[PDB]
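As a starting point, one isolated chain is supplied in structure tokens, in the form deposited in one PDB entry.
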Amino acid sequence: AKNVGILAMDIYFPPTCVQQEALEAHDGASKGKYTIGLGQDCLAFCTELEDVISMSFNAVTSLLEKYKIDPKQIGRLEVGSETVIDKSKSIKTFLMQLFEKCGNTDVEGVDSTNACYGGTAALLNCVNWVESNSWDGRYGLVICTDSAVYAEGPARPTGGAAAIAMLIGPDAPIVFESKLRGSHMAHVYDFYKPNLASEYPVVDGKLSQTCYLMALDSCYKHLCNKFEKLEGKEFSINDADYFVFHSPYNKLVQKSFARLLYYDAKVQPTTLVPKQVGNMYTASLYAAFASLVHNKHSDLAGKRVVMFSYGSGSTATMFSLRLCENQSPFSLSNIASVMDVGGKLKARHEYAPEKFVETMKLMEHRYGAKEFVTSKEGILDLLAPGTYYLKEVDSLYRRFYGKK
């Protein structure tokens, strides 16, 4: 099992969105409070028809269909998220629905949690599984999936939603440099969700500030130590071609890279999807990476891409990747083609801020609700053909999905 990493990749985000500038006007906010202060342009959100589960079906289905992967060929499936549907039943069990009507039930892995890190945790687990004595010769599959509902308050411009699927195995175009990494993990009360009934976090801004920079510094310093062992020198900004970050809002990206000290060369091409879609939590780092493949796929072979994953609480890892052109279907070039990031941004559907706010109120009401049917007219029409959607939640909280 050699050159293990990401073989294939896809992204889904809901087509429904609201413009940050329009939102500034609708709110009390002075010009550029979101577009400049946050550095964000557009916000994708889930309507009543979409959730972290349906988004996951879209992403996994698309990957398997487009890279032509046989479902029997998946041996480990793992999900990273902080969007809790059930306190017992993992998002992973839902995803097994896709694997039953071809009889592939022997599939390791479950859900991994810590804030916007769980996707990273799951990815590392799969890479390790491919390299282990237990490996059965099959692909791993990692999903990152998250969605935010803030109907009110200062949090509301900071939401977003997506799902990412990544195929893992040997001889990849996106190879992990196994030892080029640094982690930092601590017990902090910086940004957390201690109110089971509520989606609203408890945020300690000043401590969040200190704890994030401490992690980034420490992760950086530890990667540098391992670089010194690996290649015989200190690691600097010059020792990678690109830096990709957890990107809840673009201003954090700017500060973070600055802290490492170029941005136009090394970081700017990672900003497309995060800036247009919003905070994607566990999927944010990977959407930033997806933007890089989209923008630069023809320049990426031979290059080093450094990746920094954060999650409040806190858990962080900086790690490194070596990219090369390979053979289709698992090539940098085929990955860009399949993701069709440009096609997905054109296919979007904009909401006036008021209709966005109404939809957010609705989402508040449905959160923890049971025994309801979703309302489809005018919304279902906006979803791409084939899209999984929520039809109803029964009186026992069971969720039933449709396709189209």
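Residue numbers count along the first chain shown, from 1. Heads up, when I say rigid core I mean the largest set of C-alphas that superpose within 1.5 Å between the two forms. What changes on going to the form deposited in another entry:
A 2 Å or larger CA shift between the two forms, after fitting on the rigid core, occurs at just one of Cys126, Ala148, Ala316, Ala290, namely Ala148.
After superposition on the rigid core, the Cα atom of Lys233 is displaced by less than 2 Å between the two forms. With the core held fixed, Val110 shows a CA shift below 2 Å between the two forms.
Core-superposed comparison between the two forms: the CA of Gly205 exceeds or equals a 2 Å shift.
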The other form holds:
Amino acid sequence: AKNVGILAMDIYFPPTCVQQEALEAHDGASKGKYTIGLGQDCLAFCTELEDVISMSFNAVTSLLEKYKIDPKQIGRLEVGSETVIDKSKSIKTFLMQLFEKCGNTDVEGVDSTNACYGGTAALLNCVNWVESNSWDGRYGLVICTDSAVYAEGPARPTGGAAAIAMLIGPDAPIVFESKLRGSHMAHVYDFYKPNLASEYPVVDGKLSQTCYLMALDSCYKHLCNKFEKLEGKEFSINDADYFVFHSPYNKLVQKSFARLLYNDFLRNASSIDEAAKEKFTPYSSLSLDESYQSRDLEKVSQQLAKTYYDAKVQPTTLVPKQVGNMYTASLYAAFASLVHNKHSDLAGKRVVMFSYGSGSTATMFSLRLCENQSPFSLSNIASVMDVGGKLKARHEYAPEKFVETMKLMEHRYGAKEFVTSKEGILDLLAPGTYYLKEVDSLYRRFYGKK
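Given the form deposited in one PDB entry above, I would also like to look at the protein as it appears in the form deposited in another entry.
Shown next is a single chain and nothing more.
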């Protein structure tokens, strides 16, 4: 099975959102804090009609239709998420609804979890399945779905919500460079959900950044070690056209690439010139526990990194910045907007992907995109995904009406025996969206279309 990777792709996010500027005011934050501080524009959220299942039906239904895939042609379907509706019954069984008709029940895969990382877990699982002795010739399908949703304090501005669907197969326009990757996994308490009854994480936002970069440095090192063996050269930031990142908010996207850049210094690689070596040089004598904790250094990193970041990272940022944290689908929404923006420069280019999940589980990995044939083309994908279309059909909510909706979702999380209030909302959704109709007294869930 040759050149396996992603053949086709679709996305779905709720059209309902709150402008970040409008919110800053609501919260009594300052002029800059969300639009400059977090570097976010607009935050999308599930109201009472939407959840990780419905978002899922949306992105799956939309992919099969638009790339014209026969649902008989699917032989593995996995889901990555961290939003839990049931502790035992996976989202992947809910989705089996759509194959209940095509008569196609012989489909491997369940859900993969660990925090922003499950989607990646699944992706790899599907690639590996296509490449294995048990591959039956049919497609893989991976769904990354999540609703990111936080309690009052300073983490609420970073929610977001979306599903992504990826079809996996041989002869892909987006080809995995199988051996060029680095993971880092560890036992760690930076962000987690111990509180079974609430949607809300316990987040230690200091640790939450120090561990993200701890993991990014180790992934990058492990990827560099592989690259030496493969290609005979030391890896620099110069060796990839684009870096794509898990994007919980744009600020941290910028510090991440700028950290790659700093890693290059430490290794004294190709992309570090003489002027940089001096700028960086005062910081040589710091411990790592110092390199992570140190603001002067972030400051200096970003400045050297500025112009490269504009070349290599900037075009991955459209969707995250206009939607918010999409947890497992974040990376792949960043990758999507990259395809939206530079689908024409892309043939022959190398995309480096960094997946992070708190707790922690992480993997950087590499893709070679290429000249391929529709339906499964860089152009057809960008076209099919209609990211400009979708951004255009959004519906704003005054911060108020959003705070309200938040309090409502909090009452619905975990609960039973409520029909959902339709009016003012149903007609905000595109004809053919799936939506929650009710939850019976046995917590069973019912969806309608349209």
